[PDB]
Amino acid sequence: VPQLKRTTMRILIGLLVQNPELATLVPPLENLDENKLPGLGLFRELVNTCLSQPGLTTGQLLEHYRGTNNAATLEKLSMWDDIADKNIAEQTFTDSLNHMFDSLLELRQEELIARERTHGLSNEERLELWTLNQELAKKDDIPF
């Protein structure tokens, strides 16, 4: 078992590999841009494998990826932060899903600030940035 720093995507991917039934808790991710958030593309792939192979075990899930360039990462995460308590696994998974979407909100806020600095914002973007600012105020070679 490796010692890895926690990140949101490490928690989500580790818990999903260890408990493939958590895939059915994940809302549709098809339209999200994997390029903005390291680990999101792999997480979405794993969800899709689970939903495509109901009944699968952790070992069966990992088998699909063992010849890919993510095999080492997934093997490490399959053994890391193991939570044998399904109550805690589900609650931690749901909490981290919410944190992932919070991070996408912060990434969008940063995108709007970049546009603002380079050529200004439209009325619609100004409303979005205002709501994001209020909402966010209220709130080892693995590459994510």
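Residue numbers count along the first chain shown, from 1. In this text, the rigid core denotes the largest set of C-alpha atoms whose superposition between the two forms falls within 1.5 Å. Compared with the form deposited in another entry:
- Core-based superposition between the two forms shows that, of 86, 108, 44, 115, only 86 has its Cα displaced by 2 Å or more.
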The other form holds:
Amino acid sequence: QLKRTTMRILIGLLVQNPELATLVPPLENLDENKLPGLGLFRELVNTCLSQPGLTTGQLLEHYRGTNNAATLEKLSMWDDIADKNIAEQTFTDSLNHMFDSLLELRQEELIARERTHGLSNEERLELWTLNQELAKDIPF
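Based on the form deposited in one PDB entry presented above, generate the structure block for the form deposited in another entry.
The next block holds one chain only.
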């Protein structure tokens, strides 16, 4: 009866449909500490890209023995996301929500940085840009 969250959907859908990994943009320069589940998601995407065509069982086997194995097992049997017809649309929708979340975190970071240290011209333009566009047992 797992409740839906952005990272649960992304990781769950990827485990159940590893071919979805090809839809993910490069995540190399993201800070996994800013978003629970992001580090795991990025690991899974890299595994899938390393072995095109791998099945769900082959993906889960690669992660046997890791500290996330039990969580991926649960997401692999999570039938709330099991529908194949809407899987891809749900994946790309949730991808955008994840990056939306990172935008909101960055805006909050720049606001805090502005009070404590002030902003550079580049950072102040970034904050202005964010303000305009943002106005318009599983641990994640």
